[PDB]
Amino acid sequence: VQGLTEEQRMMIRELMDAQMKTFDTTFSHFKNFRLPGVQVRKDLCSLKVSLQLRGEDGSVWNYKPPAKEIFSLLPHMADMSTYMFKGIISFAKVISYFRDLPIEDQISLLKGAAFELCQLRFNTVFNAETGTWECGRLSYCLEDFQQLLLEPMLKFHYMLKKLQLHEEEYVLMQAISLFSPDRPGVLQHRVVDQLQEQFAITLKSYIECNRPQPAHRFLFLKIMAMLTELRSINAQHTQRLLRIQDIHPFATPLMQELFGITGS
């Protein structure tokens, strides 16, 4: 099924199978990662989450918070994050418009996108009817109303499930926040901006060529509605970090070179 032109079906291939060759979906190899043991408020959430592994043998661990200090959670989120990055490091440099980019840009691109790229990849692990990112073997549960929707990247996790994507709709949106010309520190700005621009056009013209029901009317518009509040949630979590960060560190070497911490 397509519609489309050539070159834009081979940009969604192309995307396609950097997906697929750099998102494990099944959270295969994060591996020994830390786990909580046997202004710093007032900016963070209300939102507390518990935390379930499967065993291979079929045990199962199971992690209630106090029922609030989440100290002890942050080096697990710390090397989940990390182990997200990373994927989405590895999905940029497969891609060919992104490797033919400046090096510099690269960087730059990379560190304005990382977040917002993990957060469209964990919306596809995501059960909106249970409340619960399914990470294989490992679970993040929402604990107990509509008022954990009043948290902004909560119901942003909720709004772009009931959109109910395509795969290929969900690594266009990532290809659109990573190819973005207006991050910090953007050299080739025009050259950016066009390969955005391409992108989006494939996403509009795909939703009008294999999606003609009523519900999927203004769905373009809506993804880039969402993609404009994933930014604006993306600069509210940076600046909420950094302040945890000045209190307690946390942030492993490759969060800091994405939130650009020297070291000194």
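Basically, rigid core = biggest C-alpha set you can superpose within 1.5 Å across the two forms. Positions refer to the first chain, counted from 1. What changes on going to the form deposited in another entry:
- In the overlay on the core between these two forms, a shift of 2 Å or more in CA position is seen for a single residue of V60, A235, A225, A215, which is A215.
- In the core-superposed comparison between these two forms, the C-alpha atom of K204 has shifted by less than 2 angstroms.
- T26 shows a C-alpha shift below 2 Å between these two forms [criterion: core-superposed Cα displacement of 2 Å].
- With the core held fixed, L51 shows a CA shift below 2 Å between these two forms.
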Given for the second form:
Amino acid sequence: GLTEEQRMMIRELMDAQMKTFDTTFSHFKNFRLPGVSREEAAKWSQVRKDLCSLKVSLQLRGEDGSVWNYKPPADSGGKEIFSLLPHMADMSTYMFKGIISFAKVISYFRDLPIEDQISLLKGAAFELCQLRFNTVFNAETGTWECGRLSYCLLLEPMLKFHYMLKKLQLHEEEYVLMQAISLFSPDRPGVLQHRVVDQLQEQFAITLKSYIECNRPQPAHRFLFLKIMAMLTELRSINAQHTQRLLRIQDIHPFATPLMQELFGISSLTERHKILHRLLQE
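Can I have the other form now, the form deposited in another entry, not the form deposited in one PDB entry?
Here we give the lone chain, stripped of any partners or molecules.
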């Protein structure tokens, strides 16, 4: 079995998750919707690729039974494929806030210095959002099912990530431990208490390993923990790749919300991050 310490480590993460993860997206409201030189062109062509991968239809089920459905353009002359970016900005921003709240209720994270709390959330925010998104991914229909909202589409790393993680059929406890391990990465830019963070991450990984030994049948889940650790490594790479895409798009066509600007780097740490700081302070 798990040590008492480990079971309560899990209890605390699971309670943090249930307090701060709106799984039906009921409180996602007031979001925007798609409306109803040589160097510059070199920037644009890189951005066109970046936005292609980024293609979903959007579905909108009302209470009455009505359904609105949005289908994105094909890429033409220019702007029309920035159509979804305001909506996406709002969805991510909503998801980030939940992730910030998640971090805050965790004693282990609270005790860290505010500046490290900021650095860790800057470093992991995208990864935890994707981990949460995976839990509402339906691999049969290639659809993220977010309450009344749906996003519908394997070489794109992000998409293959979600099919792959979904195949592992993780438990809630394993997802939330994944979130902890990603959140407490000692090797994020700007982290100071490297030693403390590392020991905390190791605690979580050990806890995750132990959970798997104890709760899943023997030889068949022999390597599950290492597979999960491999997924985290792949997610970390997707994070970096995705940040660079977002920064290129932002550069030519600004879309990021204030909070997103703080996270992606768009004086001091707390001063470059007044919103994040506020959100952590309350």
